[PDB]
Amino acid sequence: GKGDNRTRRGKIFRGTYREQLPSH
Amino acid sequence: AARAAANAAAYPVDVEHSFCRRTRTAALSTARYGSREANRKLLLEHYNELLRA
Amino acid sequence: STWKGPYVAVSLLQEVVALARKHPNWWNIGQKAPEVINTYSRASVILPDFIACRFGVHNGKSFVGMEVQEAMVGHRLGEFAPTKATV
Amino acid sequence: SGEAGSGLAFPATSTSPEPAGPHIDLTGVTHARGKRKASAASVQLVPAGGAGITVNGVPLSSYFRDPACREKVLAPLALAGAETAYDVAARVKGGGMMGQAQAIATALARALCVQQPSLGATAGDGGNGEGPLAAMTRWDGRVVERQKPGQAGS
Amino acid sequence: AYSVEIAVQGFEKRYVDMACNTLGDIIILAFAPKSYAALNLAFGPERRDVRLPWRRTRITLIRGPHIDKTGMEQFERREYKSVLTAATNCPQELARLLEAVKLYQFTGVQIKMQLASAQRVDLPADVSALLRXXXXXXXXXXXXXXXXXXXXXXXXXXXXXXXX
Amino acid sequence: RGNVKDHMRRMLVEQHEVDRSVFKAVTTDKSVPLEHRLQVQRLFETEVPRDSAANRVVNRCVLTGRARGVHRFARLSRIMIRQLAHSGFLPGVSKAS
Amino acid sequence: XXXXXXXXXXXXXXXXXXXXXXXXXXXXXXXXXXXXXXXXXXXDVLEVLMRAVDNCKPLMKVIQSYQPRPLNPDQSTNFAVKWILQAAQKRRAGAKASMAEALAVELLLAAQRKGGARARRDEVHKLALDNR
Amino acid sequence: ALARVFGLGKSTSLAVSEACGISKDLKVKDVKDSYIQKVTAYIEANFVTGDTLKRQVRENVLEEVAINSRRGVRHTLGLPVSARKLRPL
Amino acid sequence: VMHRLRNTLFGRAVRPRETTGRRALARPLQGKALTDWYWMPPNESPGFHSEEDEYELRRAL
RNA sequence: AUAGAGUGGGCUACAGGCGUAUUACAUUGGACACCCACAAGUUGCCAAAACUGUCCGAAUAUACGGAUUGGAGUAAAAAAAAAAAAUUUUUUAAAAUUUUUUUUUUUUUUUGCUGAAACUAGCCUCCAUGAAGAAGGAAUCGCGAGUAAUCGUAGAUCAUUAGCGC
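Chains as they are written, first to last, in my numbering: chain A, 3 to 26; chain B, 431 to 483; chain C, 218 to 304; chain D, 3 to 156; chain E, 19 to 182; chain F, 1193 to 1289; chain G, 274 to 405; chain H, 9 to 97; chain I, 2 to 62.
Just so you know, not all the hints are guaranteed correct.
Derived BS3-like pairs (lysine-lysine); straight-line CA-CA distance at most 25 Å [unchecked claim]:
(1) H:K35 / H:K46
(2) B:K471 / E:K130
(3) C:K221 / F:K1222
(4) A:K4 / H:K93
(5) E:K99 / E:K120
(6) D:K39 / D:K74
(7) A:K4 / G:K369
(8) D:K95 / D:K74
(9) H:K40 / H:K62
(10) I:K33 / F:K1287
(11) F:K1216 / E:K99
It is worth saying that the hints were derived from the structure and are not from the lab.
All chains should be modelled from the sequences, with the hints used to inform the complete structure.
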């Protein structure tokens, strides 16, 4: 997971460090 | 922990208060009613209510 | 899913109110409720109480009868209706 | 003044076009432009002992803040041997760090060329000439090859 | 005291080019002093013909119908843009402009138009009294352009207010 | 194939207009009613047509009956997009670069 | 005089060696130069590197069949720094300390005409002399 | 800096150390045993020793397989519900 | 704290992520967008020369 | 009935074997901060690797790695107005405030998400358990400059689901 769950890096891999913009 | 400066969001509507520093101008826009003139009525009332401050 | 409305069991509830003609849960604690209850959908959640109820759940080929006991109270009923891929 | 076409198209697998000239302005301050990537840059050169060297507003040592990249900035300036006496005013856009360095290096080279003709290359005499700095005038306009419309396929 | 901006959208550069030239002919005709005898012309140095680049986006396709995952091909849409700039002081020729663009039909080419202009504002006398300087020109109207039988000669027209 | 059956589903999203469903969704997304959301959501998604929620639409193509590989770019499907593209009977979409 | 920069830069680029910053390998190789200073005066650095690489120059190359081929000396430098570095990874993976220490101790030993680089080096020298 | 406890995970480890006062950059060779008594007391203030938890989850999924439930026969079968090499049994 | 005056001046509130049901009103409606998606002629044009049956006529032979 | 609907499965099952990818097996590294470094990308603003600082190197399976499995869906920060005002905390001599304690206020985030319904079988967040794996034989594939590799990034279809696919 390249540190998927708990990092400041693997969470750009899981698309969460970029906080999802509010859209619909 | 990162967000874009230009949120440019959606799923809502408003009067969009904004200022332009380049030309020293405030900007308010229309969004609520279908016709343009009804919006001109709403923002004209908002301008009058703006001057109550 | 507890937020903003946690429980969905409407058709099951219509059948439960059909059972609830003398007691929903042996108010007349439980005595097995011999009248069979046969649902047609397993997306339903399980609500607290509902004990001693003979539930017949659909598997896509039949109806599966399973008696509910105290442990399966916080579950969704489709967890008890498999496709039988045993081997 | 009589400037001319200086440009080149040196690269392989993708061309380039830096149509911008280098020229001296009537303030005694020459201006020049350079890109070596699609990221691009411009310069403005004052013979001065003022603020010294400047890209992007800030002093250079914090903006660029790998040392090897800093001598990639200074390499035409160090090759010239005319380091100190000019205020270096410059602007950049785009890309990645040492691409910005070698781009701003090329632009600084061009401005130094119109300051001193013989050190570097120009279009003053038919787009030809030779000095120590004439090699790094014409930009290395290779960009990335395009990610291949096709497969890994392996 | 009226300002006009015309934006123009196209697919073939031929049609947007003819559109830009013909509306330029219309503007220069619309404020033309055809005779000397009345002499408040606006060729003030606001006036431009700014060209523009586009929105680079490539949209690719499978060539083959079934298996064929080797078979790719790239496809692509172009939008070519110009903006046309002028401004003027009397309204009757502005109406000649709007009726001029009402008549001459243009092929495949969108007309989006910006009409910031001065228009006077009534106030309730309380806020005029409690006034007793910056720009504050803030109306910015908005209109739809589709789903009701229009192939987009839409006119948007923000407004500028004045109440000293 | 069956493009029209989906149009019937779309028409049911609009005959039993989604506003009625979404307004009941408003009161179930409100936490202000302490309860009865379970009663409101108990029915009102069952008396309301189950085939009128906005997930049962699958967005098929319009030229043909394609149900997979559609494009909202120009409301067509890939093989037709290519056929119209080579024909050029489409709004200026040429082979790229 | 510029061949010092040439050999050092080829050392840097061959020290890059996996995809990464040549800043990372550049600070790594400069750390090897300073660690060479520390171990050398512990128990005079560009000096020992230039001596080590000029000790390590394979002048005539051989091609298998066995046929000798004359070699332009820039590829002699280029093979040279290569053989140094695969011997370096041999020693460092055997030590599995950093790589900077390993390249430092190898530049000292190839300066001292000793080590597996020198062994490979002069056997292919003599084998170039063999098959003429 | 007890990134070092074993019967627990890391975040609760630094939590228990913080709950008796151990900061970062301290080693296990630098804690006096009074703080060991304190952290053990805080372990029965916290939950204890993940093999006690492994016994606990043994009766937890014992409860789940006692329910005649197909995740129970997953746990008697070893199938991923999201490496049958490890199981909770 | 000045934006409170701008807020009560303009009547605004935090639009996303609060769970008060207002997002389901202020959302745009997709109802026009869902039914303008298709385009089916009825297979018999009321004007004239319907092609959808001319193809049947051609393949009848 | 090889025709249409309706409800629920199944199209994703799981001795084996094979193909394609990703992630690692560390120190050229992990972590954490930094300025939140500069992009493709202002036309009708936004990253990561790294650079700089700091912690870590015991066969520890390491603070590497992150597969499986249980469990739970929780914190606040900002500041305004009035009354009073010169109080809290140690040892056997000291310390923090000149703001302590009451009322009214008040924002901005927070809410598990999206969907009618997330057990199978989505996804998110946070705990806990921490597997193999210490670089891979025979065999073999791909590619010689802004290329491999490594690093993000954004577009599609899409209610949400692409982490690895394209």
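task: State the violated hints by number, sorted upward, taking the hints as numbered earlier in the document.
output: Checked against the structure, the hints that fail are numbers 9, 10, 11, while the rest are satisfied.
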